[PDB]
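Here the structure of chain A is known, so what remains is to put chains B, C and D in place on it, guided by the hints.
Below are the chains, spelled out letter by letter.
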Amino acid sequence: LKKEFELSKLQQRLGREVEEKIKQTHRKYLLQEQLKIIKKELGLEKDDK
Amino acid sequence: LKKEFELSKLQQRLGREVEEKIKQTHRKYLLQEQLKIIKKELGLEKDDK
Amino acid sequence: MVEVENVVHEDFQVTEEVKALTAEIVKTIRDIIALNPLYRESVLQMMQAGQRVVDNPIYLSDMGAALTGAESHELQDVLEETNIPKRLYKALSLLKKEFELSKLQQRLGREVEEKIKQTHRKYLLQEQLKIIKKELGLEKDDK
Amino acid sequence: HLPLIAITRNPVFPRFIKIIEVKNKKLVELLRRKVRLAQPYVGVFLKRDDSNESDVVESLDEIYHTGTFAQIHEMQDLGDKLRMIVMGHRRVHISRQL
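Chains as they are written, first to last, in the entry's author numbering: chain A, 366 to 414; chain B, 366 to 414; chain C, 272 to 414; chain D, 123 to 220.
Looking at chain A on its own, in the form it has when it is part of the complex:
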């Protein structure tokens, strides 16, 4: 049972790691996107013909 258990707990750590990496990806993408919208709507209100 423990022989199965070691792999399971390892898989659990691996799964949370891969998923949290996806979250750290997209959460930071939301932050950068917010950064852009403030640079576009409020900051750089120029850049046009």
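Hints were generated in silico from the structure; no laboratory data involved. Be careful, since some hints might not be right.
Facing chain B, from chain C, some residues (calculated, C-beta under 7 Å) [stated by the list, open to error]: (1) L363; (2) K367; (3) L395.
We put the CB at the ideal spot given by N, CA and C, even for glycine.
Relative to the frame of chain A, chains B, C and D by itself:
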């Protein structure tokens, strides 16, 4: 009901007046808040163009 | 070092309608902790204005003004004020000043996310259009 | 008759429990000098704009005249060697901090 309405009215009006005097704070302060937000989620040295 | 408790705290004898601004301060604090949750909201339920347990109102106003994120200097400025309505006015001002930024950030987040949804949802529609014109009609628009 | 405390970026709002964890070990000397008193206490003051620790030990004007004395509860020192607890209990406006 009249006394409560006069109290609620004077409180809402005095608070609306304080709120109007706070809206006098310029929108630049808001743009600075978003600016600090841009820097809080950006970081790094100026290794830009 | 010499020190003295020169804690001035004048208040009107008639204390019935004087706590109504406090009511607005706690309403703004309830709106700040509901729309911008910082700390748990159970503490606001522990220390209410209706319990008559506020033996030290100055302390209650300071604890309510402490949730504001205004810079320390502003706190010193609130202490410089001697009159009681001036500090109440400043505490409310600090709260609203934070409140506008909070509301901007929240509106922006929901707006930007909905833009992402309108992005991908229109892509789902385009995918359905393709798929429904994938195994239905086979256009011969080639050489 | 104690040296001024090194707040070191730690706001202590009045009547709001707070924790202070300075990295410096010179305040620990002060923590050892107040264990002999029967009623120990500590004061909390505020720093002015553009914080700078070297002027606090050189000059005494950076800190504001206002102070908030209160009593210490208990030390823990989980990570650092200076884990003091602060509170806004007794407000005061010193005439001259000098």
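Each hint, compared with the structure:
1. Interface restraint check: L363 (chain C) against chain B, minimum CB-CB distance 6 Å, threshold 7 Å, status holds.
2. Taken as an interface hint, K367 (chain C) checks out: its beta carbon lies about 5 Å from the nearest beta carbon of chain B, inside 7 Å.
3. With 7 Å as the threshold, the beta carbon of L395 (chain C) stays out of range of chain B, its nearest partner Cβ sitting at about 30 Å, so the hint is violated.
When held up to the earlier numbered hints, the structure conflicts with hint 3 and nothing else.
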